Structures are given as C-alpha cells and as structure tokens.
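Each chain, letter by letter, is given below.
Protein chains: 2
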Amino acid sequence: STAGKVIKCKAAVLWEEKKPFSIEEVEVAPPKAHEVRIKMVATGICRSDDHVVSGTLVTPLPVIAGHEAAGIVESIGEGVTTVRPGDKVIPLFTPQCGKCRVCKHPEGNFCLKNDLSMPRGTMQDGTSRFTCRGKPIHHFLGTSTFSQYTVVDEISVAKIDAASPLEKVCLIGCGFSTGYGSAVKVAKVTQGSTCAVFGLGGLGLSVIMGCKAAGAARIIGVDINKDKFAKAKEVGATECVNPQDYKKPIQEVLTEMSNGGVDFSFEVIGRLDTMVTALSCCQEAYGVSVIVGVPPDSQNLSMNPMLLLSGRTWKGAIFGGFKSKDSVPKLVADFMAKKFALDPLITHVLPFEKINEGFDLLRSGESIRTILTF
Amino acid sequence: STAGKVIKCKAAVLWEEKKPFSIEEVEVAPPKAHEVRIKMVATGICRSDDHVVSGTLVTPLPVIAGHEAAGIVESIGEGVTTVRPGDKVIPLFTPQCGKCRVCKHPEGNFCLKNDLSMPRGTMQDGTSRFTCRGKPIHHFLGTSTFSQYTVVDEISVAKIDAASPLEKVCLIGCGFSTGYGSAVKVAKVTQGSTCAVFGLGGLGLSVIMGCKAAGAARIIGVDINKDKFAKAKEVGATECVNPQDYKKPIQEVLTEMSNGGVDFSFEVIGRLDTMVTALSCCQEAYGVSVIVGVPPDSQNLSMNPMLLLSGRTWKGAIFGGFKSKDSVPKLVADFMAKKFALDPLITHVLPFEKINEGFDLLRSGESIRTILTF
Ligand SMILES: NC(=O)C1=CN([C@@H]2O[C@H](COP(=O)(O)OP(=O)(O)OC[C@H]3O[C@@H](n4cnc5c(N)ncnc54)[C@H](O)[C@@H]3O)[C@@H](O)[C@H]2O)C=CC1
Ligand SMILES: NC(=O)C1=CN([C@@H]2O[C@H](COP(=O)(O)OP(=O)(O)OC[C@H]3O[C@@H](n4cnc5c(N)ncnc54)[C@H](O)[C@@H]3O)[C@@H](O)[C@H]2O)C=CC1
Ligand SMILES: O=CNC1CCCCC1
Ligand SMILES: O=CNC1CCCCC1
Ligand SMILES: [Zn+2]
Ligand SMILES: [Zn+2]
Ligand SMILES: [Zn+2]
Ligand SMILES: [Zn+2]
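Line by line, the protein sequences give chains B and A. For the first sequence, the entry's author numbering gives the first residue as 1, with consecutive numbering after it. For the second sequence, the entry's author numbering gives the first residue as 1, with consecutive numbering after it.
FYI, nobody ran anything at the bench for these hints, they're computed from the structure. Where hints are given, some of them may not hold.
[Said to hold, decoys possible] Calculated pairs, DMTMM-like style, for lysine to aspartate or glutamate (alpha carbon to alpha carbon, straight line, at most 25 Å):
id, chain 1, residue 1, chain 2, residue 2
1, B, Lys339, B, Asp360
2, B, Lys315, A, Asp50
3, A, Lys113, B, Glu256
[What the hints assert, rightly or not] Facing chain A, according to a computed beta carbon distance under 7 Å, are these residues of chain B, among others:
id, residue
4, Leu61
5, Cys97
6, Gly98
7, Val102
8, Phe110
9, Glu256
10, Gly260
11, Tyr286
12, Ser302
13, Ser310
14, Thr313
15, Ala317
For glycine and all other residues, C-beta sits at the position ideal for the given N, C-alpha and C.
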C-alpha cells in the first residue's frame, strides 16, 4: 500500500546539537532511480551517532542519524538490480560504487562516493528524501537508520541471508565488522602476538574478537571504566589495565608488561592523547598501531616522528578495511555458519521509541550496544 | 707491527657544535674482546654527519663522527670469529647482535644494541677507544669513520668481497642501502605504481633507484633546488617539481597530478612540515608514506589523524629496513654483479684532509656524495 507514495512514519530527528532526539512524524519520499526504500527492523546505538549530538563529528543539521541497522526492502527505484522488495538488507555507511579508483584497488575500501570526508547530508544526487514539519531534513552517511523507513542509494545497501536474525546482524553494519576487520585485515594480527586494545566498548570488544581469532597469545584491554573489564575478558582479553590506577603513563606500563612493546595496538576511543599513547606502546622497530576511534572535529595531534623512524607502522581505517557491499553479505553468512558471536556485544534491547534512554545508557558507561527494535 | 699497541693517527674531531672539524692526532686503543680495529680507506659525507654539527642530531661531544665507510681490518680482539686481519669490511651504524627480540623478528632491523635511541657515544661496553690531547673522545653510532683507524664492536662490522672497490661500496654502509631499501623493503613499491620522493640528495636518489627497480610507472621528484633535477631523472624520475614554483601547497599539486594521490610517498629531507605534506599527498584510502629524513632533535609535528583514519599507512625506518650484518655483504655482492649503480651518487672526491671543504660542498647544495680517501 506504500510503493510509489510518500510514507508518513516515525523517526528520531536531531534538530540541533546537544539536545535529545525528537521522536515525531516525518515524510519519506519514494525512491528515485537507483534508490531503495527500506522498512527498518533493528538499529544499534554507536558512539559515532552520539558524536553527532555532541559536536565531535560535524554533519549538517537537522538530521536523521543512525547508520548501524538492518531492515526489509519496501520498494525500489528505477534501474535497481541488486535488491528486490521483501529482501533483508543492511545499509552501508561506506558505499561501494565499484567504479572509482578505490573500489578497484585490492586494498582500498573508502569509496570516493562516501559522505564522510566532506559531508553534505544528502543522497548521492544532492537532495533529501526526508521532511519534518514541512522542513527538509538531512541524511547521515547516506544511511539515516533512526527512522521507521529510510531511502538509500543502491551503492549503499547490501542484500543478506533471508534467514538472518535482524536484531543481531545489524551490528555487521558497523561495530562488529569495523573492530573485527581492524584486527584481521588492517593490522593483520599474527599468531602468538601481543595486542593492546584502548577502549572496551562495542568497537573495542570486536577488535578483541578479531585479535583472538587471529591467534594472539596476549590481549591487553585498556579502559578507564573498570566495569568494562569482565566482558573484555569473556571475549578474549588476557588482562585489563585502568590508566587511572597507575602513577606513570600507560605507554610505559604497557612497554614494561610486554618486555619492550606490543606487536599490535589499537586506539578504539577517539582521543588524540590515546592515539599517541597507543602508537608509543607498540614495539619501536616492528610494532603496528591502528587508529579506529574518531577524534574531535578539526583538532590536530602532536607527536615525535622518531616514533616512526625507528620502524613503527601507523595506520587507520574506516569499517575495518572491508569493501562494504562485497563483505557485508559474507560476514552475515559467516555469522549464520557460527564463525563469530554477536550476543556478547548486546547488553540492552529497547523499542525504538526509547532511543534517548539508549543514548543515556551509552553515555553513562552502562551499555555496550543497545539494539533498538522498530 | 701495530697489533696489540696503541695507534697514533689522524682523525677529524668535532669539539663543539657549528664549528669546523679539527683534523689532528688521536690515540686509538687496541681492540678488546669481540672488537675489531679497522684501517679506513674511504668514507662518505652524509647529511646525518652534518646533523651532528648543526645540533639537529644530538650525540655526546666531543666526537669522531662518520658512519658511511669501508676499510681493511688491521687487528681483531679475542673471540672475534666473523672477520680476520686483511679482510675488507663495512662498519654498521645499526648493529645486528643476532640475539635481541628485534634481531629475531622477521621484519625488524633496529637492533636493541644501537647507540641512536639513548646515545652514549661509546663502544658496547660503555667506554671509548679514542683519546685526543689527552682527553677521551666519544664514538658515533658505534662506527666513528672520520679517522684513519677506528675500533668497532664485532656486531657492528660486516665482511665484504675481497675484490670490492672501497671508494664506491662505502655508500652501501648508509646512503644507497637506506634509500633503496626504503623503497623495495619498507614501502614495498609495486609495479606500475606512482611514487613521490621529497628530497633529491644521496638518500632520495637511492629511493628513486629502488622505486625504478620495483617497476614504478611514475616517480615524481620534489626538491626546492632545481639543480638536483637532472640527476634525479637520470636515475629514474619521470618528472620533477619545485614547490617554490607553485602558488598552491605541493600536496595539492601532487594529488592533482596523480589523479587523486600517489601510491607511495617518501620524506627524504628531515623537516616536520614535509613529513606531513608527504603523508597528505598519498592516496587517502590506500596510500603509503615512508619517513626517511631525520627530524630536528626533540621536536614534534602536528597532524590531523583523519589523514590516517581514511586508510593511509605511515611508517619510518632506519637503514632501509635491512638487517645490517646479513644484508651488507649481499648488497656488495649485488653491486659486484652490476645489479645497481653507485657512480650516479658520487659527485666529488677529496682527500680526507679536505673534510671541511667536503662539508661546505654539501651545505652549498653543490654535491650529492663526496667520498673522502685516507
Ligand atoms: N573507524 C570506523 O570506521 C568507526 C569508528 N568508530 C569510533 O570508535 C570509537 C569507539 O566507538 P564505540 O565502541 O561505539 O564507543 P564506546 O563509547 O562504546 O567505547 C569507548 C570506550 O572508551 C573508554 N574510554 C573513554 N575515554 C577513555 C580514556 N581516556 N582512556 C581509556 N579509555 C577511555 C570508554 O570508557 C568506553 O568504554 C568512537 O570514536 C567511534 O566514533 C565507530 C565505528 C566505525
Ligand atoms: N632513516 C635512515 O636510516 C637515514 C636517514 N638520513 C637522513 O636522510 C635525510 C637526507 O639525507 P641526504 O640525502 O644525505 O641529505 P641531502 O642534504 O643530500 O639532501 C636533502 C635534499 O633535501 C632538499 N630540501 C631541503 N629542504 C627542502 C624542502 N623544504 N623541500 C623540498 N626539498 C628540500 C635539499 O635541496 C636536498 O637536495 C637527512 O635528514 C638524513 O639525516 C640519512 C641516512 C640514513
Ligand atoms: O560509525 C560509523 N562510521 C564512522 C566512521 C568514522 C568516521 C565517523 C563515522
Ligand atoms: O645516516 C645514518 N644514520 C642515521 C639514521 C637515522 C637517525 C640518525 C642517524
Ligand atoms: Zn567507489
Ligand atoms: Zn558506527
Ligand atoms: Zn648516513
Ligand atoms: Zn639485536
């Protein structure tokens, strides 16, 4: 009863920074050519969504945020070939156009069609499909999953197993895949190695899962919230340290614990100081450090380049280095074949209408992932 | 007639920063256990030696500098098994102890016995073999090659082909191997790729040599001294750019020329600003940037970590990543088999007594490598 028509539905609109989401009626236009309209089933609350509220991540407002989700195709636009109505899908916050220089490179995944580097808050054609109170509303990362219905470009959606449990596999749309791939694909953690993981939220626990899958012998979790240590050890950490417990800088502590530096370190918080600390605690001649966390907008870090001249490697990645449309369906299939677990990341399940309580749980330190159900 | 005795010889002593070297008589003690005393034959002038004079590279003074050299063993201490009197040798400014975690690692080369990180200016045992005017003089990087005779630890010397031309292969002790390896071993430049090389001195020309050996399709040399361009093209650069010729920042020119960023970039100067520029000019999702230049002591750079989050890899290396004692004899063998050329790097030859003129040539921009003969 909705194909080709405007849909009126519920969404969580962010009208301005540092305010609660406003749960109210929006209008969702039908998909144009090469676009897909999706009925949302589940969406996770990721720290990157909170970064929009806090001003840490700048994107045009007002906006419908949300990017870690799964749903069912309601209708498709002219020329769509990769999904059909009724299909289960995961929106892709990093597109895979398949035709740019990055998509064609064996090691690149940050497709040049992304809306992250110079955010416009639109669809690929530069316009918006959302209206609220008569006003146009921006999209977020080409996904906008905090809504009962969204419209995405075809290059930003992947079809997944029809038997998938959507309230779990939405995490493959961001948190799991990003952390897991940061360990197994970006860092390329080796068997028998020592790893250090800064930040033990949903992303950091997924990094730990990847370090353990890669055969690391030691995995040191680092967090200022000791309530995060129990779950980190359940998913593979061999020990946890709270920097606030020590009188010396944690890079010195980790270098001593590791008899000279760790093999792999990961910054999974989003602080400039912990990015430099994580680089410093990896072994000076052969260590590798990977930045996953998102730093505050337009702020530079300061570091001594001798940390690199001795032999260290420093890198970062979006979405765990995974080519999004190729990888998301394979990752769902791996989950269905029991190759990794997602339940350890899920601490809370709430109806979508309680989105603000879900953010309060994240901000208070009490949750890993809250999954919102529509 | 000198074994077991103190040798009185000439050396170039640096008594204080920013002053000419003083060519005068020194006393060189005989080698203790596991040490080797070498009659020097030829030594190159590298910018790192000038960094000692300028205070850019801090090591205790007074000092006998020099680290790029080749000579003949005069005598060996007790227990030495890897060289004999009469052998041709190259001193190793990065040792290879064979026993530390770095030496045992498949990719590491910055041996933990190095005298770079926390410089003492001594032999491994914490003492010096040099006296001048009755005063003890420091060593430099365990090599101290600006002297007619030096004493090195066994882990800091490699035996080379007895037919080697010492006035050429001294460059394998530093400039050639560092630049060549930075391309072929550290960056792992790929066939058909586009490279940018910042700084076209002895080290940068050697990077170009490695990029060409690796099969790069384009190699863009970058230097503010346009007189360096002709030789850079002779050894493989396909084009050269002078940043002072442009109204836009050079990362912008290079991104434009490479249709979105280069595959590999190399900083081979030693400036904080060009380290950040070189990182920025490599492609944001899959580019690799290698720091080779030495930054000024204790200074930090400032950079936006979003340059890394998009997917860039940033690394540095000492000595082109080569394990020194294993690699130097193989590199000499390759030179003897005509696998690479050293003559393009040698622009001037002077007697050792004219060392100060050789440094004047480097500082004026006129030379690539001056080789000093003893
Ligand atoms: N590179 C990518 O593609 C993606 C990046 N991100 C970013 O990853 C980061 C982590 O996201 P989540 O796991 O969802 O966040 P989270 O808020 O659930 O976890 C962050 C953890 O960092 C801890 N922490 C905070 N300050 C700390 C400090 N000084 N020292 C040690 N620990 C500290 C917190 O206690 C918390 O447990 C965020 O910046 C997020 O924006 C998220 C997903 C995709
Ligand atoms: N990582 C390692 O193991 C080693 C590092 N080094 C360092 O490599 C660097 C290069 O050494 P050399 O080739 O012997 O020095 P060099 O002085 O012969 O060459 C440096 C080049 O950089 C150019 N240059 C200077 N400022 C520039 C600027 N703003 N922009 C563009 N070009 C600029 C100069 O005109 C010159 O041609 C030095 O810092 C040296 O200390 C040297 C050997 C071993
Ligand atoms: O969490 C999902 N995406 C993130 C990727 C890193 C930049 C901010 C958005
Ligand atoms: O040029 C030779 N060695 C250099 C290596 C980089 C640090 C300073 C000394
Ligand atoms: Zn693309
Ligand atoms: Zn996310
Ligand atoms: Zn040198
Ligand atoms: Zn060693």
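Hints versus structure:
no.	hint	in the structure
1	B:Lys339 with B:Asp360	violated (32 Å)
2	B:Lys315 with A:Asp50	violated (32 Å)
3	A:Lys113 with B:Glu256	holds (18 Å)
4	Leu61	violated (20 Å)
5	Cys97	violated (13 Å)
6	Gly98	violated (14 Å)
7	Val102	holds (5 Å)
8	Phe110	holds (4 Å)
9	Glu256	violated (14 Å)
10	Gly260	holds (6 Å)
11	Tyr286	holds (4 Å)
12	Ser302	holds (5 Å)
13	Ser310	holds (5 Å)
14	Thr313	holds (4 Å)
15	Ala317	holds (6 Å)
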